[PDB]
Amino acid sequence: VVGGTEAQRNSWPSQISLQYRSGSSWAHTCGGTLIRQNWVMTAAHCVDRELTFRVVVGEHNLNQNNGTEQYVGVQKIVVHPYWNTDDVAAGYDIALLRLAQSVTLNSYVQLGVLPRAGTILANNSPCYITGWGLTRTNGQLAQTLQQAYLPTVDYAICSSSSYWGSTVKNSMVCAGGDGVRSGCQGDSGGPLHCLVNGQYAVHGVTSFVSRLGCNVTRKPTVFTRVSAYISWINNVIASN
């Protein structure tokens, strides 16, 4: 997250860290959202490599023991059947992960609230992006969970010429674009939390930023629109 601030330890309890095994060690690659005690929603492109992955819930500082984390392996990865690696601009950047074990819910580990199917937010709705991704374009990962206020840019404006044009589809949400705050590499897969009727719901799975950089004026961070996938999510979780 570029332009962010450190989140309080108990603010975003559905945020997870998706990590891969690197020799004898583990490294953070993406965020994700806990949606059942044994299912995590993340971006399909995060699990494109054939790596060994684990999920860390209750995580705050990637590099020190917080005393609140649970570490669990990944037993099954289900990516959307329509996901194309060579076209993130085509959409369907979403994947479900069932965990080898159910995690324990407490005030650092909670389920994310998903929107009702089809819900679209008003232009410039209040949302926060969270993650451990790069704190600058071509920078390095944050050690502590960051957050940043990222208001939505609706489909008509975000698919206009001056913003992303044709690169964005209506199965996506745009948020940000002020040139200061944004998602960045390592944030992919994580939540866009938006306040709707006094409740925060996870409306976006972070998908991509501009090839020019993370925080680029009029290139908002693009997210998979979770409310376009509610039937797919429920159908996967009911069958697996």
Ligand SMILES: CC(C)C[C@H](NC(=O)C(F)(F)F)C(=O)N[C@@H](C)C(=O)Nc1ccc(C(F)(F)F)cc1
Contents of the next structure:
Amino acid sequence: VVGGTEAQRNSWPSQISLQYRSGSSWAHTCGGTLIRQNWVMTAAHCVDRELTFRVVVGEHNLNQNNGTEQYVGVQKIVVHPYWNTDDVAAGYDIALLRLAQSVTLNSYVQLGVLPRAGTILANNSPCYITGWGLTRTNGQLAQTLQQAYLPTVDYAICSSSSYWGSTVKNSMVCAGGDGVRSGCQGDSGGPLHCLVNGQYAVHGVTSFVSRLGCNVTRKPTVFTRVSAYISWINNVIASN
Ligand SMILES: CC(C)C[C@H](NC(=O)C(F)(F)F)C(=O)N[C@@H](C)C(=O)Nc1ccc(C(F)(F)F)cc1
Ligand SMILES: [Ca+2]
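Requested next: the structure of the form solved in complex with this ligand (the form deposited without this ligand having been shown above).
Let us now look at the entire complex, which starts with that chain.
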């Protein structure tokens, strides 16, 4: 997350690390949201390479033992049927991972809350992006879960010539845009948390930044808008 602040051990407890095995060891690739005791929403894009993956729930500091981590292997990766790998801009950038075990719920390991279907955030909705991704353009991944305040820019503004143009769809949330904060590489798959009737609901799954850099003026961070995809989620969990 560029322009972030270390989050607390328990501010965002649906946040998981997707890790892939790296010869001898595991490595952070992407984030995700634990949506059932054994199901993690992430990006289709994260799980695009043929690599062995584990999920880590209870993670705050990657590099150090927190006393709270549960490591569980990914059993099944269900990508959106319509996702084309060579076109993020078509949308559909979402995958559900069934975990080999169901994980223990406790203060560090909770279910993320999903929006209702159809739900569109209003231009300016208070939202937080959370992740271990790069803290600079061409920089380095964070040791400790970070957050940045990332307020929504709606379809109309986001699809003008000045901001994104046709690259962004209404299947999509663009939060941010201010030159200072946004997502960046390694936050992908992660949750956008936005405040709705006293709850933090997950409204986006982190998709893309400009080819040019993470924190770029008039290029918000783009997230798969979860409320579009609710029935697909429910169906994949119901039949699998
Ligand atoms: C493309 C994916 C692997 C996503 C990758 N996303 C991220 O790093 C994250 F976490 F911010 F979501 C990204 O934006 N990387 C930059 C460097 C990129 O290639 N951006 C980008 C790609 C395609 C377009 C498009 F759709 F217009 F072709 C626009 C920007
Ligand atoms: Ca750790």
